[PDB]
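Take a look at this one chain, the form deposited in one PDB entry, written out in structure tokens.
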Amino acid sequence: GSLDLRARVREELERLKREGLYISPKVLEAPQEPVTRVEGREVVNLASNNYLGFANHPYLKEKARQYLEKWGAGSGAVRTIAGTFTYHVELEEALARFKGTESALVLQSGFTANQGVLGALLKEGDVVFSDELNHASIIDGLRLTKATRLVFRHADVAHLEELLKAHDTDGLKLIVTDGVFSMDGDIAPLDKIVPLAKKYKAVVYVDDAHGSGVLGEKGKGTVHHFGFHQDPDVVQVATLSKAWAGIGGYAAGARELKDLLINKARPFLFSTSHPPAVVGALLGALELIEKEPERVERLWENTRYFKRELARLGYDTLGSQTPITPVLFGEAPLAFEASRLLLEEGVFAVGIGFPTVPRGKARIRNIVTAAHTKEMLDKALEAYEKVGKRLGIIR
């Protein structure tokens, strides 16, 4: 007796509801901005990755307008056939210059960039050392390779060295980590990891989705912040969808790497290139961060202020260091309930559970941005005070 479509779907949704993991996302009814509309109310938004306030900045929109009008709505092909236009190259040139790498290649997302670059680089016999809290896109990248996969305890460089001591290969050794961990907000210890990689002849792969536009001067990233951006055995991959407020992912490094990716990255070979309006906006984003580098200063001013007041109220921010400021709730239902209560106070910050974070490590991610005002952050803090007291998790 084989299952029909509705019966498999129904069983899975029922399983998710019993495990307390089932979700009902909200619809935003105004632009992506530090205050927006949810369910018909003005809310302070701490749920987005809009770090630099670019998502609705008029300068990105004007550059997007220009490219849209001139080139059109769609590329109409994959990059390697008839999908590469002058505007793709212009962006790869500007991005390489910004990153201070020899080359940059843009892929259709951060999610697919991880599949493309890890797929292109890795072969049977290779050994990968993954931080246990690596983003899900990296797990999927690695599962499509025939590399041996090992996991080191989160940011635990003593444990990484033990595995480097114990697991040799004539092939590639790849140490893979988020630059900034999506849901934890802490920074990979590259100052220790990169030297450790040179000691054991390993290459380091940094997924810098939450470091790009955040860490380093003018937000050039985690690798740049630790000063390794010219190291040939360091490979950077990052989304253009967070601080840079568009879509796409990039890979940065030697021109030889770019050429291997153009030839081997499956998402690059088999998926349409990005359209004019998206590339125009990203060109605008790189121009704007050059004109207004004070946006990164402002982001970090708001962060230290907001993170300090949350700690002061008695909340566990998991040793987050970046504008990502998590509040642990443990069980997913408490995370959802806290979120619902915050929304009652006009504060939008979304409870997160398994898949996206571990079982019993459910949390609300708060992401502070350059465009938040003190008034907005104080409204959010006041709501975290009231909701925290009502739930008995603080004073």
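Only the largest set of C-alpha atoms that superpose within 1.5 Å between the two forms is called the rigid core. Numbering follows the first chain given and starts at 1. First, how it differs from the form deposited in another entry.
Shift analysis on the rigid core between these two forms singles out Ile352 from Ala64, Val43, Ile367, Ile352 (C-alpha displacement of 2 Å or more). With a cut-off of 2 Å and the rigid core superposed, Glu331 has a Cα displacement that reaches or exceeds the cut-off between these two forms.
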The other form holds:
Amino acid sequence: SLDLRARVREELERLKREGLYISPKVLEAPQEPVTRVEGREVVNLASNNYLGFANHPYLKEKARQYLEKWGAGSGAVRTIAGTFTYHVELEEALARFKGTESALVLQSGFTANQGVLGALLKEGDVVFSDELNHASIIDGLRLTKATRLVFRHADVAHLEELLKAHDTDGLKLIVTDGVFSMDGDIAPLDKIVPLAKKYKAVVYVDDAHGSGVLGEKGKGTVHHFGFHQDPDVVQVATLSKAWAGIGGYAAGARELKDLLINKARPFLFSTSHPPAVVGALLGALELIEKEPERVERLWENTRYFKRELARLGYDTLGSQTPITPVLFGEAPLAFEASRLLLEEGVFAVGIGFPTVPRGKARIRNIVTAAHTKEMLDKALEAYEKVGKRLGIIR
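Show the same protein again, this time as the form deposited in another entry rather than the form deposited in one PDB entry.
If you are looking for partners or other molecules, they are not here, because only the chain is given.
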């Protein structure tokens, strides 16, 4: 039998041979549109901080008030002694904001997917999953006894063919990202939801990258498509991206929240979030109502950055959200491009196969409300210099 170091080496030297081994960088200043990496100031386009909330004094003061009042830790799972007044306050504020009958907060978007898919799905159920769904959705589904089918990315012709072919006396669940993390495209819920109604299916939307981004005042992708009051639409999304904390929520029908409280394994077995995290998120919800112009500025910045990259000759892959991939083609060129950007004071991560297709390696950039014109123009200047040098633009 192998020992631990022997198994570690076999896995690590595999990744190193594969060109898959990661050496993460340590950020040396707060999560902001300008930050410090390897001792140098950089324009940061790598983070999920869409509304510039992650170091906003308003969230930090509401966090500080809840910290001082309630303490450092909840000290139990929600179902034993870890539900406090402040957890209830945040679920009421979220449901109000989402426009859904109910909201439940869980330990992360990652565990929310396990909890909600696990609670909802039984043996004999059929799941129809978009090809390009977030990894956390796959782990949720693997823990269920449901039949798992995959439809080609955003392909409602294929989805329909599968719904047609796979009837059940149980539940049909159509499972999609709201906004896909890599290409920044929006799930076609305008076609998926009606298809759901034809073949009696429930729609499950993991809106990590749509929450605080799409819809009126950032109420999300489901709100954007107008389906937030539909009891047969279930929404899950992280509180770690636009909302700039940690946690994930489940929102929809009244009855869903009671089922999750009683069945969701991460809710039953993992400690509830502490006062400072809940304080910050109550802050984030109050701040986005006080400053709806933040969402405006996120989209203005996004449109400016995509338009200027198109002018230089770059392909941003039809991205529809602040997720702005810049195509470099092959993995090595994307990684070299990222290295050269950092030399220019711009921090944005190269992504290639297996995370994205062969021939579709990109640098992933996420535009935020807190980026200034000078910051975006510095990124553009760097992309111009690096693009010319690597012969992807002229």
